[PDB]
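Engineer: Listed below, chain by chain, are the residues.
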Amino acid sequence: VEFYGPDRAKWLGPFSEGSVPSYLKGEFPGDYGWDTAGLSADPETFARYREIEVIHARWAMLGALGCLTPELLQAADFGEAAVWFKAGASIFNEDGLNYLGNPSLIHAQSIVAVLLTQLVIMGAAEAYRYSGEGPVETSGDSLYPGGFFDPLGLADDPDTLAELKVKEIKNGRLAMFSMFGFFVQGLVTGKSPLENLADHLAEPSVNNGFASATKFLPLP
Amino acid sequence: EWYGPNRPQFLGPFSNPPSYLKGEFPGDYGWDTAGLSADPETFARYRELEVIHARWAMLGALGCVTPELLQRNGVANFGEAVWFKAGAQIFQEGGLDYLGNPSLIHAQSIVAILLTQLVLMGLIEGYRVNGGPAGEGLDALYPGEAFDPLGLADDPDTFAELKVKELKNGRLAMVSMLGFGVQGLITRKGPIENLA
Amino acid sequence: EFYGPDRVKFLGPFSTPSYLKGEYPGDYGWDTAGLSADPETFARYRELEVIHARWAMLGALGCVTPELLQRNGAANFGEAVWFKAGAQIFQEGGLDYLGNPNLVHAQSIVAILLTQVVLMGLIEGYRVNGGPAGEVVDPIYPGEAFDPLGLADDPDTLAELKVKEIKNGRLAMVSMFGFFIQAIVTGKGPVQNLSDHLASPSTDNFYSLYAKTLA
Amino acid sequence: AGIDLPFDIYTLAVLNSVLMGXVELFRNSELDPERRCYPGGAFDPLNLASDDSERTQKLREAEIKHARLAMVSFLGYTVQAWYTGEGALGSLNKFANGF
Amino acid sequence: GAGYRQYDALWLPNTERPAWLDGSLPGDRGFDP
Amino acid sequence: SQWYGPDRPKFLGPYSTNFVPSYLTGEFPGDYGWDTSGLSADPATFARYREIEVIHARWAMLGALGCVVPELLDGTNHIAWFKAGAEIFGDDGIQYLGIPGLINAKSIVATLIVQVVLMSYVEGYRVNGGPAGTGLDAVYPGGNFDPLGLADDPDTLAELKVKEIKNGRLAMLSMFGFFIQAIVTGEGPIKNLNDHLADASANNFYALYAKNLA
Ligand code: CLA
Ligand SMILES: CC1=C[C@H](O)CC(C)(C)[C@H]1/C=C/C(C)=C/C=C/C(C)=C/C=C/C=C(C)/C=C/C=C(C)/C=C/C1=C(C)C[C@H](O)CC1(C)C
Ligand SMILES: CC1=C[C@H](O)CC(C)(C)[C@H]1/C=C/C(C)=C/C=C/C(C)=C/C=C/C=C(C)/C=C/C=C(C)/C=C/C1=C(C)C[C@H](O)CC1(C)C
Ligand SMILES: CC/C=C\C/C=C\C/C=C/CCCCCCCC(=O)O
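Chains as they are written, first to last, in PDB author numbering: chain C, 27 to 100, 104 to 249; chain L, 28 to 223; chain W, 27 to 41, 44 to 243; chain F, 199 to 297; chain S, 65 to 71, 74 to 99; chain B, 38 to 251.
I should point out that these hints are in silico values taken from the structure, not numbers from a laboratory. Be a bit skeptical, because a hint or two may be false.
[Unchecked claim] Here are some, though not all, of the chain B residues that point toward chain F, as calculated from beta-carbon distances under 8 angstroms: (1) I136; (2) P137; (3) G138; (4) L139; (5) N141; (6) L185; (7) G186.
In this text, a Cβ means the ideal position worked out from N, Cα and C, and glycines have one as well.
Construct the entire structure; sequences and hints are all you get.
Structural biologist: See below:
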């Protein structure tokens, strides 16, 4: 099924034809015709929203991978630092950040130093990204630089590039949905997502989302 | 310096302002990463909202910090010096005393305060929006005249400089007010107590 | 894929009779005994395959559902196991649907058999000749009154749905055969065997407790 | 509704017979076969389907479908009362508390 | 024009209306065996 | 007639004669000239916001009525609107009006699946059109949705539109009040009204809950 043109897949199946905006002509990756609030009726705002969505999708994929991998590797020992939201305070402990369990890799003890270093490096990186030009010879596209960040040369055929763009906006959107689920589960049940999956697999009839429903009830 | 293409941008040496941000209006640092102001009407409404919010933020910050500093300076004993605890004073048996003096206000009824503030604020807001006794055909953003008794902002250059100073001071005041709110929410204490 | 001359065959890259030209749904080019070398016999075999597929899908669902309901504490049937469910008519009160005494309360097997014979004969005569529910045009894909939701409207979607139906029916037939031979070997329920195997996959299987007892 | 009436059962029986007879004798007085089913007038105060249009036909279809459904439903009421010895809510309770 | 079939409806999918029932009456479904 | 044109009522009364946006001409119902945020400069976004507002108004009126009604009935134990969801986990399930044997809903996944399917179908029909009407208006279809023909005359239709949108806005405000008042007090709105009527001076917001809100 094609993902471009007037005969592309859409966000409501057979019912989509009645809610497709005029400005959503399917000229961009991930165009399913879903805009019911008219938030992208301005062409400039549409480009800004596309940029924000792509960046957020990439960061959400990174976050999902970095929340899933450390728990599986625990091949290592962390204890209370295995959980993704419980690893924030592991630096403040007087043992250091034992990367993979070895207390000799980074041995981080201070907060201000790492914080300031991250601020300066990512400020430089994000300022270069906003400028779009600098020390690296990119292709000139802010959203898809390619010149330096594609050492394998996977983006050479325009049609293959478009198909890859569709696939990775889709993977990014799935990552965004999963990250929102991770956040909500962390606030609600206070357990790691793998533990939640194990509890659900143990007995799915009673260990579902509606079991922890009355815990938010405001008592007088 | 503060106006035209020579103005500094919001990312230091890096400067990629949007097309619609020409810098004519005060406090234009080219920060529209969301693209919300692509329409002139929405941009103008956002400018008005920003300046009004800035003025209210500076006023609120001064009103939040002055009484608690005065209490901590050993001048007078307030009922509750903490800025986010001023509402509980009206429920005390002693009422609301200005600077602690029982002969100043001694307000007791919250309903009367609510009604009086509602009518007065509504009348002055309607005057500001439409034009009342304090001038009718004046600027909505900078009416001047009765609102500039000193006449400092008369010539264009000083007017623009003072407007830029107003906008940046108001932005700093808004950031400070948000910091006040977060600090109070987390620490459950006064701002100056956190400072010291 | 799934149609024309370049469709996927039944041996993947290791793969054909001349009469299997990639026109009919669910044609993977597996006819080694040459039983479908006659076009008329090919049509008859296709019709029997489709009917068997539908019947086997219904049978698999009806063999899984009551035992699944019973084992989860959702109902109390007289005999949840599928091969022992036919003896409920010889119990004290008879056959009660879902365990409720006020649902069917069947007691006589003769009446059941007579009514089933009459109704089944009438509807199968309608199927092969045409009756109240429509007139026969396509012997296995009537549509019209049997497709109220109109899912088989577009011809491309019709072909895709035909392929999906025939594949799910073939899988259902295989599972029906497995269910039969497991009943004739293990003597317990299908979901019971699944639960036992899931409890201890290494030690609970056909070879570990039944291979040596076969001979 | 739990309130004892001030009438005797003999008086009530005679009154019911007389009132029903009078009402049905009034109803029988019509002569137009169309108005024998849809009298209108005082029986259509809101003037919902008193003209000749598509709106009245839909209302008549709804009325006839509701009539048929209620007829079958009351036959079910009677047969359930005969068999199980319960009413309507009683039959619902007996069915629910049997699984 | 999606999610259903376009498809007078009688009491049987394939049946004919009787001669004396012309369909003018409201609930006329051609049902009089 | 008085609700349209340049002489319609404004949202700030006489203090908004000159504070009227250029694009809020007044050909749409409920046009009081309250757009002091510049959120509807684009006509397409304006139309989408109008549709969202009408749908929200209808949903809010339904929700307000359905939150008020069950609390006033003895059969349902005067249950609050925010506590009725967990009744499906009770030893008796959900029984309509308190009459046993009416619904007896004990499973939550079954009701969730049924609602998902039904709401999916009806929402798809609303967006694209279906058996209940094709080619009709997006927000005000009519036809099968106006069985009584209460809006045949266009003037009556406009007056009813203004009445509907106003009742919907009031219901939205009341539903937000319901949410906030359930969050703060922790009791049903009807009990709060009864407590206020019993002692207005004592039982209110400031006298009981505002003092310990910070
Ligand atoms: C806007 C959406 C909305 C939503 C989501 C809800 C949601 C809910 N309602 Mg509320 N409600 C609403 C609007 C809404 N309501 C409105 C507008 C009203 C006024 C009519 C009510 C009045 C109401 C009542 C009276 C009750 C609820 C209850 C319920 C709960 C489930 C019951 C159920 O769905 O019945 C399934 C679906 C139906 C359509 C049932 C209708 C058919 C019944 C069986 C007919 C009864 C009539 C019949 C003639 C018998 C009565 C005669 C009697 C004397 C014997 C649930 C919390 C029930 C509960 O117990 O909550 C605590 C309950 O008792 N609601
Ligand atoms: C720029 C841009 C651009 C792009 O495009 C996009 C984006 C990024 C989104 C954007 C951004 C934005 C932002 C950041 C904003 C912010 C804001 C704020 C913070 C405000 C505040 C604000 C704030 C404010 C007003 C405040 C106020 C306050 C007040 C009045 C107070 C008062 C008071 C007092 C005296 C004291 C007492 O005891 C109490 C009270 C009574 C309480
Ligand atoms: C105008 C303007 C202008 C300028 O320019 C700007 C601004 C200012 C921004 C604007 C404003 C706006 C606003 C104000 C808004 C609001 C809204 C709301 C509140 C809504 C609600 C809304 C609301 C709603 C829907 C609601 C709904 C509800 C519901 C369904 C409910 C349901 C239910 C019930 C029955 C009961 C049970 O037991 C439970 C449940 C199931 C839960
Ligand atoms: C046209 C009128 C025709 C017939 C009416 C005839 C009779 C009315 C019925 C009377 C019933 C009297 C029952 C007396 C005993 C009641 C039970 C008791 O109190 O023990």
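Engineer: Hints first: check each against the structure and report whether it holds.
Structural biologist: Hint-by-hint comparison with the structure:
no., hint, verdict
1, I136, "holds (6 angstroms)"
2, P137, "holds (5 angstroms)"
3, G138, "holds (4 angstroms)"
4, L139, "holds (7 angstroms)"
5, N141, "holds (5 angstroms)"
6, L185, "holds (7 angstroms)"
7, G186, "holds (6 angstroms)"
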